[PDB]
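In the form deposited without this ligand, a lone chain appears below as structure tokens.
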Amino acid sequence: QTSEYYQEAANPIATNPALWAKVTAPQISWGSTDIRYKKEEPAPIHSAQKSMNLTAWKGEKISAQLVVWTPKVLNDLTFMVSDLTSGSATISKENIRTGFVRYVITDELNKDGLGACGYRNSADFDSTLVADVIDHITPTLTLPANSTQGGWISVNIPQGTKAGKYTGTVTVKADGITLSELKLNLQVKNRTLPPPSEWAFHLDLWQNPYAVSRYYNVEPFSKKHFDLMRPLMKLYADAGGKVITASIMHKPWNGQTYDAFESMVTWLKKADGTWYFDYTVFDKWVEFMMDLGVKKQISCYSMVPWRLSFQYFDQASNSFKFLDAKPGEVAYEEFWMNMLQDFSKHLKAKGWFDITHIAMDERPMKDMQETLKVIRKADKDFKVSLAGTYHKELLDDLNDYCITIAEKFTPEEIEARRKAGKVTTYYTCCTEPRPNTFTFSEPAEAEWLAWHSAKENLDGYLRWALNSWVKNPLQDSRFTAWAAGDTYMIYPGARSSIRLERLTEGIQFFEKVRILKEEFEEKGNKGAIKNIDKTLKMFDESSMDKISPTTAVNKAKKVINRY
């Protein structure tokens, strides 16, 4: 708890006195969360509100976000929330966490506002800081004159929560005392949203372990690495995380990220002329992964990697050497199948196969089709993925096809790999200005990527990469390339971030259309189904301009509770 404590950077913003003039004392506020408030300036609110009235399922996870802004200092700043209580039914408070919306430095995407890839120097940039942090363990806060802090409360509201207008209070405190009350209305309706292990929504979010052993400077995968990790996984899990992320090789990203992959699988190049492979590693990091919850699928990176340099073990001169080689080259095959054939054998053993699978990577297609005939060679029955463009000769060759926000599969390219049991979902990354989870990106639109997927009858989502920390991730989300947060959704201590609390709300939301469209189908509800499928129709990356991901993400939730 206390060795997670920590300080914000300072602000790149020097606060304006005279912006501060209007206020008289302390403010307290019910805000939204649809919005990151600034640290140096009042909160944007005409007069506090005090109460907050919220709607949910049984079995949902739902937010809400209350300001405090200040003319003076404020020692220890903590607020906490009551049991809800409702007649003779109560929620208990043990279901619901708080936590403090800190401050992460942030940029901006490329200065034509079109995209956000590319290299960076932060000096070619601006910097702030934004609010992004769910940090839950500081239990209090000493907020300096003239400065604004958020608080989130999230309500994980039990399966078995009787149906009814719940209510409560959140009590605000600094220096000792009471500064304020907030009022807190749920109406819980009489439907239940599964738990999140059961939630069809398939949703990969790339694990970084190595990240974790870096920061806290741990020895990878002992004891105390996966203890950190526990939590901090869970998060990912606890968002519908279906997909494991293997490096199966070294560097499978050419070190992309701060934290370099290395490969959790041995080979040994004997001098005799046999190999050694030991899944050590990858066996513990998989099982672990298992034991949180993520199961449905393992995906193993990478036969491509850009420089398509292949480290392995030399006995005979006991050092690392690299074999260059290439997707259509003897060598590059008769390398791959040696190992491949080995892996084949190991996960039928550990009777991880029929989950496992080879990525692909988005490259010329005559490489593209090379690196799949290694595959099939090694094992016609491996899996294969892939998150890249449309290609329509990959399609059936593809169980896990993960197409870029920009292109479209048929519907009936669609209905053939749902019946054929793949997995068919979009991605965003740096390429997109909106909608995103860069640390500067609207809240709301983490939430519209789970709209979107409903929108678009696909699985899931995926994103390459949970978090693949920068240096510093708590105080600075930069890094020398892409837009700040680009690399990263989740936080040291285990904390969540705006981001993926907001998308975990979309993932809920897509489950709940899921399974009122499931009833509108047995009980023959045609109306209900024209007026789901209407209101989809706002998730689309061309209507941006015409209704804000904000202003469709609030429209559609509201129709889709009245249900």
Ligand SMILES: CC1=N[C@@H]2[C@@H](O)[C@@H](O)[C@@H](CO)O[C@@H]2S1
Given for the second form:
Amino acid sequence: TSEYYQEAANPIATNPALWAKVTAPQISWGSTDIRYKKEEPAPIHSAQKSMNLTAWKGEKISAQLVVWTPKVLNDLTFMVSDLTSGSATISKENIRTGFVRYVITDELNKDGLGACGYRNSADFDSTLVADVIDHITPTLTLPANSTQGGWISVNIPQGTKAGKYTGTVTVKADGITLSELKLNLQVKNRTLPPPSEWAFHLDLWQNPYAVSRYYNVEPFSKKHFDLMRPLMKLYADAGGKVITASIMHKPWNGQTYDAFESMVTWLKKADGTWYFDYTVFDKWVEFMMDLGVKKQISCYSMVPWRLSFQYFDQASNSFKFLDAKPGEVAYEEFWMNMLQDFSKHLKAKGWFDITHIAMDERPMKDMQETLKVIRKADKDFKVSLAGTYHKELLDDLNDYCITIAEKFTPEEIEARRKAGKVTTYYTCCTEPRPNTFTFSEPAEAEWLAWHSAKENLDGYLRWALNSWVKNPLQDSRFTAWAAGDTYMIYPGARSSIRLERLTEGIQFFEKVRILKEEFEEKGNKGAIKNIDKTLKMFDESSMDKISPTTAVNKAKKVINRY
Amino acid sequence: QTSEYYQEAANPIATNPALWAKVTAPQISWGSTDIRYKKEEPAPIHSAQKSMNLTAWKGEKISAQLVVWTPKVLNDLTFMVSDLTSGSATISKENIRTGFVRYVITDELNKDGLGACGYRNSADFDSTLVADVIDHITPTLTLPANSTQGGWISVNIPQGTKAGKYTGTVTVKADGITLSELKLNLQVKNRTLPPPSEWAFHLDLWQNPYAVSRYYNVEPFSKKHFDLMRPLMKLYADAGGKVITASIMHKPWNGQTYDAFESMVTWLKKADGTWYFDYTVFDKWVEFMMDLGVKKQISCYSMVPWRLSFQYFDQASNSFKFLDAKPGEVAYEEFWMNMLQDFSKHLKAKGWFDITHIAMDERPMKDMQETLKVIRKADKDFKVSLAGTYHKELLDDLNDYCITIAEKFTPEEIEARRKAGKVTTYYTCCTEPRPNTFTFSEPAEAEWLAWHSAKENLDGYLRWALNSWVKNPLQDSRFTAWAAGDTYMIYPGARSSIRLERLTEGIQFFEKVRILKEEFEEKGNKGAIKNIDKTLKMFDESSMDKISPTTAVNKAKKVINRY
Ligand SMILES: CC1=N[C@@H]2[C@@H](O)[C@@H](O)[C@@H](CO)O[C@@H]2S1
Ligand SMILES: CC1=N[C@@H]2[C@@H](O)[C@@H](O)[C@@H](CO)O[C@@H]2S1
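What I would like now is the form solved in complex with this ligand, since the data block earlier showed the form deposited without this ligand; can you produce it?
Then the entire complex follows, led off by the chain already shown.
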């Protein structure tokens, strides 16, 4: 109820001429590849009344329906039935419905070659786009001449018996039924493990400070964790493996609407001794582990974007700053002290094996000077970098994440896989496509996971799960970057089109891995070669002969035939 | 001549040898001007049609397509046409243009089939070669094994040709020897169609001179530039073109086309507060088009350019600066009054003021009203035009008003506008799947457009791009926006399109319908007027699904030619 909301005003006026051949309200299955605009009729010639889906046991699969009306429709609703198949059933508890709601977005930089740098919103276009999966609001009133998408997620349980299942989606308005769309689902005799058991390394950096701000509650209070639980569950259920921690004040110098505070207390006592306390850090880590996010903790950062380190100075009873750089003796002395304490603490908690000291796009020289400090503190501290490819760092880094344009050699990837290291890629503001801006094509998000599979990478990294702007449900623009850069989940614990398509891609990554292990076990070199040539579609420079949407849909069909 | 020869793009569709196994020898036949014959398949013709019966008025241009398809390589394919003889009287072969109907890359409507608007990545759509370019320049072509090639034949019938039946021969040669002699019969009736200069039909196809200077890499408005444009724009004059496009400021459409329109007027702000304006480009362009026969109207774009940022040469900084200002602002009014008052004097001095329209493209109501006030304050007699949405409020203020096809003026509104000497037309753009002139549109759609003007008692038709060429217009007609072919209808080398030739035939029939009604009103002929009018009801934009554009057009041609 407190999560109900109003969308922003459409910056595009509705054109009555576009709506003149719409005589009655129209209800049809649509496509999960499409963001239907609010102010235009759905681009669908013909009412498609049936939907054929194919899926594995355990898989989450989705479909979009669409409603558009020349008249006002009050209290629009859709329920879905059980899915029946002779004697066996998929309960409707396993089916989430939501209204695909509209958020303000912009566009790429004026040149079309990137989306990096500061922005005044006045200098760019402004539109509404369908991105939010609103599973909370039970009904909506559609105005005259407007369109509204409906997202339907089907969670197929593990125990479900292989066969063809039939079901009904019932759209109502004003208290009366407008249409019964049919839904067929072919469940195959192959099982997809739960999210907890997926190999895919998904790192989407979390900002707890954005949630405390938006809801105006005290950080790390009961209320704060209660609001974050379903929100972060979305991340766990997409296969999230990495817990973000800020072990010092402002690791990214407040580049986001909400700055990261320190989850560690840095106390310099007046007698030369230090006192460190990890109570916040521990509560945050324990909380995320509880949700199923447990493979890695990434601590930002020893090389924060501004080289100014906050500490509580007891002598003056105040916050002071140490200005110090990697390569300075004072920098080393300051960090050795903390890291040696942090190391003991982490071993006592049983988290040391998984805890990485983490850096974001720092230069070569600084990384080398920083590594020396780290190794001197503890030889077994794990380290991560999301940044530029450097042959010099391949052995020192346990999680190495590289821009999409750059590549590890297959030799380098095998050695890294063999040694239990993690090897991923990212996109950021640089790359017009593929990306997860609110205006990006939905299939782009899915494409990202397939690209991991083509490159034999472990997964994918993006720098902002939920670094919300002021009013994230209404307006996704920020003072920097393309709109949507800073988040992919919304308040109320509402998923995005982007995150659901990414999750589907991740599921197919897992399927590709399971099929290859089976085909290596049998003698099946025909199947391996075929899968591998489907995967060559996911090259960042073959997007102009084969579009992301075409690529994805081709490859889905292929894997689902095996 | 030689510098206009070119290679087509690679076919995105592979040729299938199985489709060609029942083709034993090369085949030559008359075809249809309603059809774009695919390159990679044999012509869909199960019998060689050796004769072609055409009917035409004196003065009329009439066409026919022949088709050649071959299982083997044919070197130096050529076709000449003879004189057409009829007892003692003759139509010289100088009056007959032949061309190879050549292939251009195209796409398709938006995925839904309901429009063709919006930005596009070419990866997201189909890609095919389609027959559109009438190549009258290249004298021969070498056909590869398993391919089809259409040939367009335009017969310009002179005024004063004597009424009767004319016989003639089309001779197709290859490798230096004759493959076939197709026969061509032409029934010339005892009714005469005036030259293009005398057609009532108001055809406005906006011209882009900047595309021609770019593509040939020559200096804009130089001798070479005008020489390349002369035959190119002749195609427009000879289709009945009435309107000269002028850009009186920098980028009136904010570079929506591959080549942006630059300003044909120099806007110099001197450092002492005075302005200097020079119209030398504007004048040379206008004089040049008037010389070709395009003289009824000049349309100057625009006071409401698509981005409200007006360029001027700032002398004080010796640089280009921009004024950001909107209709309804005092600064906007001051900036334009100054220019328009100078422009008005200039236009009167040249004798062009009566025909010069300040022109706008799809702008809102409020902005048009605020802009009109500025215009009227500059000069009360400035004429104004709008291609856009129907608004009752603007009917008196606009001397040329062009409305989307989906919207309609009342017959009362059309009579008042005709009575006052105002012009009243319609357009299609990217919105309308049919009828249109995309490179994939059915050829008859182009002709249907002119008949639709005749059904609605409109003066003519407007389209927004005669020649706003993409990078390689002969090869690939796709653009970063819209259906392929939206941005142009004539090609480099001054080559017509299937689209423009069919549109021209439709325009000719518009003129014939007008002449027959004036005769039938003058006689007592109520039977004929009622019949013509019921033929015309076929050209309704929502009767296309019971009667196809091709069927409509051919039906109506027969009917008019019986009278
Ligand atoms: C791994 C990354 N690190 C940087 C982040 O801190 C943000 O600045 C982001 C903006 O798109 O760009 C890159 S992505
Ligand atoms: C009268 C017209 N004006 C507009 C033009 O400037 C182009 O944008 C065109 C694209 O199809 O659409 C409409 S048609």
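For the two forms, the rigid core is made up of the largest set of C-alpha atoms that agree within 1.5 Å on superposition. Positions refer to the first chain, counted from 1.
Once the two forms are fitted on their rigid core, between the two forms the CA displacement reaches 2 Å or more only for 363 among 230, 363, 377, 165.
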